[PDB]
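Now for the letters of each chain:
Protein chains: 2
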Amino acid sequence: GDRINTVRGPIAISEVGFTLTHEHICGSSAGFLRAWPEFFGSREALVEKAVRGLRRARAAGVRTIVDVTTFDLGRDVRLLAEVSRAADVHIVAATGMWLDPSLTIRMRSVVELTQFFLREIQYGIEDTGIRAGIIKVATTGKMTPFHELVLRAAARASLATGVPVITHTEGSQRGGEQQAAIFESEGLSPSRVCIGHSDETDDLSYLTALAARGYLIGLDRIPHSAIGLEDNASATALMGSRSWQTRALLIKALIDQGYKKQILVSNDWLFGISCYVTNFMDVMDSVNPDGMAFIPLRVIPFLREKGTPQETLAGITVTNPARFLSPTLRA
Amino acid sequence: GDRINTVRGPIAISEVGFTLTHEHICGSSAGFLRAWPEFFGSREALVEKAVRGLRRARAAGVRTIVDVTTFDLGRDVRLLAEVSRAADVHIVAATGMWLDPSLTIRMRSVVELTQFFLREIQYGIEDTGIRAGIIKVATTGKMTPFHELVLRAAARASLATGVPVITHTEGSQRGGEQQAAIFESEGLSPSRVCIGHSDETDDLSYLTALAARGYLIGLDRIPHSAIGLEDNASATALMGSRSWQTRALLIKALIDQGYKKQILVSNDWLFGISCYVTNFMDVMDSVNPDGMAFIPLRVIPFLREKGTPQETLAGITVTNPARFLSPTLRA
Ligand SMILES: C[As](C)(=O)[O-]
Ligand SMILES: [Zn+2]
Ligand SMILES: [Zn+2]
Ligand SMILES: [Zn+2]
Ligand SMILES: [Zn+2]
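The listed protein sequences correspond, in order, to chains A and G. Going by PDB author numbering, the first sequence opens with residue 34, and the numbers climb by one from there. Going by PDB author numbering, the second sequence opens with residue 34, and the numbers climb by one from there.
Mixed in with the good hints, there may be bad ones.
Pairs count within a copy or across copies, as identical chains cannot be separated in the list.
Stated by the list, open to error - For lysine to any residue, the following SDA-like pairs were computed, each having C-alpha atoms within a straight-line distance of at most 25 angstroms:
{"no.": "1", "residue 1": "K294", "residue 2": "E48"}
{"no.": "2", "residue 1": "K82", "residue 2": "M140"}
{"no.": "3", "residue 1": "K339", "residue 2": "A266"}
{"no.": "4", "residue 1": "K82", "residue 2": "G340"}
Derived from the structure by calculation, the hints contain no laboratory data.
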């Protein structure tokens with residue numbers, strides 16, 4: 034593909050560097066940041082926080098993040114462009130659809146959703162000219178008809194553009210298998226797909242079977258381990274009860290099984306969030322003060338201590354995301 | 034007190050004139066018009082259609098419309114301002130919440146929703162400085178805890194500002210009675226409330242009892258009818274099988290019952306819609322080519338034919354809306 038679209042324009046593959054492939058500047062809902070910025074203190078305060086957060090990730094080695102905030106998660110690409118410029122960190126914007134499609138979206142056909150995704154990749158997002166460089170989709174539990182529709186639209190937009198697909202799953206129901214079956218029915222190469230939130234499960238058989246088929250495995254919620262918060266049923270029912278080390282050890286397990294080229298690692302962090310309880314951002318920041326720097330500051334050294342060679346870690350953090358993000362109709 | 038907030042700024046109540054109190058420029062979902070304007074052909078084409086349509090209504094006597102498109106219906110206050118100025122027709126913008134709140138909205142408390150509505154009334158919508166002049170809310174036949182939350186927030190916003198409330202109801206389920214009960218539980222005078230979509234039911238006992246308590250009765254979907262479109266299931270499901278004359282006769286029925294002062298008449302029209310089936314705008318336009326001018330060009334002469342005095346009609350189309358829309362504080 035030779036070049037990747039970012040919120041500051043196209044960049045060469047060689048410029049991508051250390052990449053976090055599943056992040057958010059702000060997790061919200063369509064139109065919300067514009068309608069009630071004071072929910073986040075102010076837009077200015079959100080930008081300031083995000084710029085500090087990205088600058089800290091940059092100092093820990095990160096050069097690119099993939100912001101997988103979709104339309105229905107309130108993606109504001111102008112926000113992304115501003116914080117990318119100030120922090121000097123590449124940001125890849127997303128199209129696709131998460132779990133909260135509005136009535137307008139829920140009424141659309143597979144053809145119409147394909148056109149929408151293609152618009153955001155080929156023409157630009159809103160009136161900004163910023164083009165999406167990834168397609169993000171989400172399913173939960175048992176595949177609904179609309180979920181299937183979004184997955185087929187995602188596959189078709191990927192096939193038309195070479196841009197990869199990244200998914201939200203909820204590993205407990207092995208949602209990746211359902212997603213894979215739909216993607217393959219559309220003729221999509223598994224090498225264009227990252228099955229994400231895969232660190233939510235300890236089922237290594239499930240993960241290795243997907244990697245064997247050629248899928249990228251997104252181990253992308255490593256710091257979302259709320260092991261001291263049982264009094265907080267909200268944090269418990271959204272973060273879980275396994276430690277971050279246990280999650281991180283899945284990375285090593287997959288490396289040990291021979292699948293280092295299939296692994297993508299990230300934090301799934303953000304600097305503001307409105308789509309859960311008020312001040313849930315404070316709860317998250319309390320559990321993981323490192324923010325997006327958690328992967329480079331904590332997880333990479335942890336894997337290095339466990340015997341993972343430097344070259345393998347560089348492969349996972351630099352080579353795999355570059356190969357994944359580079360638009361490809363092959364192979 | 035004697036001035037209403039419009040998308041072009043405050044205007045004296047004496048300038049309001051022939052008013053349609055339940056209308057839309059565009060029915061959509063949050064952020065959608067900005068993300069995929071091509072769904073409507075283009076933003077420019079939507080503006081052209083709306084300005085033309087509004088101009089036709091202006092020529093037929095209409096001076097003001099109340100656009101009760103909310104945040105979740107994809108209200109675009111900049112669209113409203115542009116079309117208001119070009120058609121030279123007053124437009125009152127809405128705050129509140131309809132039936133499609135996103136995840137962020139669904140997670141908010143009664144206090145938070147109150148603050149949101151108050152922002153849009155007291156400060157302005159988004160970063161435009163354009164203030165809302167009506168609070169629009171909606172519940173289903175069987176009201177949820179979230180619906181009740183929205184109604185209480187609406188009542189508290191109305192009490193703090195004097196701006197009135199308009200509701201969407203399932204009139205067939207006598208929705209006004211459950212809404213009125215919580216409105217009154219918050220101390221809100223009924224004269225601040227229009228129970229909308231009341232022409233959906235022919236239960237005159239229901240309508241007259243609400244009218245008798247001092248509620249406004251929105252007979253606001255008069256041209257909506259799928260008569261002669263029985264092979265179109267989506268048309269039938271939304272527009273219904275009752276004739277426009279049937280709906281219009283409810284206006285004369287309430288007049289004859291002595292409640293001409295409680296009647297607000299409108300079209301519930303729009304010039305674009307994305308929150309239903311594709312091209313449904315074409316279906317609506319084929320049913321009512323007159324658009325927002327249907328009420329002056331078809332309904333008013335119909336009622337005259339049926340013996341309704343001109344004076345009664347002038348009072349319904351001009352005096353009632355002025356009294357309703359004018360901000361009223363105490364009691
Ligand atoms: C916005 As999420 C918690 O599904 O990565
Ligand atoms: Zn996710
Ligand atoms: Zn995420
Ligand atoms: Zn309605
Ligand atoms: Zn309406």
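Hint by hint, here is what the structure shows:
| no. | hint | in the structure |
| --- | --- | --- |
| 1 | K294 x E48 | within (20 angstroms within a copy, 70 angstroms between copies) |
| 2 | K82 x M140 | between (37 angstroms within a copy, 23 angstroms between copies) |
| 3 | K339 x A266 | neither (32 angstroms within a copy, 63 angstroms between copies) |
| 4 | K82 x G340 | neither (35 angstroms within a copy, 67 angstroms between copies) |
The structure does not agree with the numbered hints 3 and 4 stated previously, though it agrees with the rest.
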